[PDB]
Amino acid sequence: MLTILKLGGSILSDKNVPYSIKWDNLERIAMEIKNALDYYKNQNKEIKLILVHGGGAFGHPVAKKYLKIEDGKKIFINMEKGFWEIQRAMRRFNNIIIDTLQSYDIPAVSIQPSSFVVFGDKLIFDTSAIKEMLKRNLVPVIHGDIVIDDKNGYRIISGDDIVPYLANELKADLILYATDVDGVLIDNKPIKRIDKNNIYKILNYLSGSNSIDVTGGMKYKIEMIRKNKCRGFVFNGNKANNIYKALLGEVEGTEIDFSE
């Protein structure tokens, strides 16, 4: 039973406030994760868990200084300074999250993409260590990070890039997207379920002018779950117990199911 939980939205950090940390939320989230891990142990049910988080007010604020738009394209500059500066900011955010998780006795450990991942048409991302960590009951905590590509450039790898890749690569049984909203909003209300019988209808809706989310973020999550034939929930990570419940397999928000 492998579950990958993405702590997204702005539940851990306010992107507006530089280097801000939502301490209270982070601690509650840690509490719920611990509560869930304890539940599984008592129910004698095995559970492998991978946590993924973005840069929050740590990554983007730093990366922006090294980002430029040239010929209508994103390009990283002055990276002889920028690669490290971004790595440094992410490392700090990851330290804080892992330290907090460990304070509730969650066996979290650090996975830093910038050290070994290469952004190509097909990511070079060795999961050997991660597999071994999960075998020994550790909880790998992977974060969005700056990474080099295979074309003389760089790229910010995000949680949205990381979750699908690992979901497929490790054959996760469940994907959990903790966000700032209640689910995939159709008429300002989370649609209970998205599957092979309504996905296109939902994606076209999301592409419409009546869509609460026009960022295409939900569309991408849905598309990747279909692609890798996974099952996942998109829910509000800000609501007490949602994370605990989602980790127990209880549908929260919107269920996206394409598992075979």
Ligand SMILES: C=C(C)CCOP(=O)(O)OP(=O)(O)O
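Each form is matched to the other, and the largest set of C-alpha atoms that superpose within 1.5 Å is called the rigid core. Positions refer to the first chain, counted from 1. First, how it differs from the form solved in complex with the named molecule.
- Just one residue from the list 62, 26, 199, 37 crosses the 2 Å line for C-alpha shift between these two forms on a rigid core fit, and it is 199.
- When two forms of a protein are overlaid on their rigid core, residues whose CA moves 2 Å or more are considered shifted, and residue 225 is one of them between these two forms.
- Relative to the superposed core, residue 187 undergoes a Cα shift of 2 Å or more between these two forms.
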Given for the second form:
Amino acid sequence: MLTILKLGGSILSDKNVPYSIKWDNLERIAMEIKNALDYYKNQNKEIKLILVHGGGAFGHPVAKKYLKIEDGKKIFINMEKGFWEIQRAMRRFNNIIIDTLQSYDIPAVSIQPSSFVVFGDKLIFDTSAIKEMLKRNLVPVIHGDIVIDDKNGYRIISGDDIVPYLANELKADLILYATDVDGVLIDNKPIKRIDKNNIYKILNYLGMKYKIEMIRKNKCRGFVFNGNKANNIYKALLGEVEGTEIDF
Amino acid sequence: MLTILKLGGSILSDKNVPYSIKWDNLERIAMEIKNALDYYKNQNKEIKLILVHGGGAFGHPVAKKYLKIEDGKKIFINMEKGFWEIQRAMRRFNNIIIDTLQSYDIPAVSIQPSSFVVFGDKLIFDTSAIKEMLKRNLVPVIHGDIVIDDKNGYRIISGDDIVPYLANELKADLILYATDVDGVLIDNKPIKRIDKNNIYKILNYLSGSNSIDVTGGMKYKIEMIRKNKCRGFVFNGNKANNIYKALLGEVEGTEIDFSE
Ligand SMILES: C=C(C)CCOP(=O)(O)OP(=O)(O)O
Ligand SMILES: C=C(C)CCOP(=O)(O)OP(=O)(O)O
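Given the form deposited without the named molecule, corresponding form solved in complex with the named molecule:
What follows is the entire complex, opening with the chain shown before.
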């Protein structure tokens, strides 16, 4: 029924190249998603799909201009300008991704967190709109953004936040983390799986820490795999496993 | 005190010219909003400000393509393309407006209804984020947009839906309607005041055959002000300084008072 596919801010834009886009990779990814959705239409199987991407070479480079170290602590200043400028950057990125998805007849739509998400001690994030969108078989595309934080003023909600939240808030059947590594790497090897068992000895060794952690905190079950290898995204969507499983 | 300024009529954009932008007007408007903010600082008086704009030559033109009359009613079709297409056009318009506002150091930020608003018989419209933005003295810029409803459909939410809703939710003290005309025209002349001693008398005239506005636009604005027990002005947003004055509470168009 409901799958959430995160596109790791990396396979979409080169983070060391401010304002860059990996066009061919992006166009391939859109195609695989399209082929996947098409596959389901054939099996006459109804699938609901949400998409998340990061700030890639857009969010971060601009955010940077408004983060200064106040004694080992990231601080946002000049947000009278910074809030918009970070919104704008993320909008450019969001537009580019949605347009490309659209060119493949993928019914993508923009979800812009900065407008309504408050990263308060208790995350505030009304999903009413998204649930409706899913009833119409639209594909909400959500992105890491700048958001208000009723405690610290501003925060940079990331995909790793949105994904688990929504998976749980919406009861997602499948969770996908597309990225530039074949899965969670230990000693440079993608562990086949991650449970309640070998978990303990992994948090220690330490998808990164942040993820794994608040994706067990929601008792989720997602796959971390490589979005750069042609066909991986397609397969991932059909309920295959090509990377690291994280069950909770 | 919380003010909501609606940039309406066609003061920002000529809807008969695809993707029209009245640059000069928009730039002057930003100035005036600036003059006003700088003023309220010098007089050490706290002002929270929200701006709202419509679709102009961006919304309706694009939306038209996805609207049909079926069995007498309106209905949205092909929204697998349509929803983004309308979002896209409204995002562009918002960008241009906010960029210009920022170019005058107005701390404007974007509020995109399409992403989170559900058009029911009551709006589902979480204003939490807006509250925190005002708290930090940002200027939230909300715009008419496409939105899903709770009945298998879609609906255009206008400034007309947004303003009233926010005035209630945030308890605004001042509503400002910048329009294409000098106020509520009663005999090609704007009525100075409209209060609980002439409202019905005015509403009834507005329904008449001598009224210059048959659109039922004024009637609606008047009613929302009373409904919120606050104050509002309907003025010509095309006249130099009207927006600055209005923001100070002294513009000369039509006052509507049901505060207290
Ligand atoms: C920075 C913004 C606005 C987007 C969030 O970042 P990503 O989710 O893409 O990556 P992280 O920096 O959070 O790891
Ligand atoms: C996307 C669209 C069409 C927004 C229009 O909102 P308005 O505030 O202009 O509402 P109307 O004038 O169209 O009634």
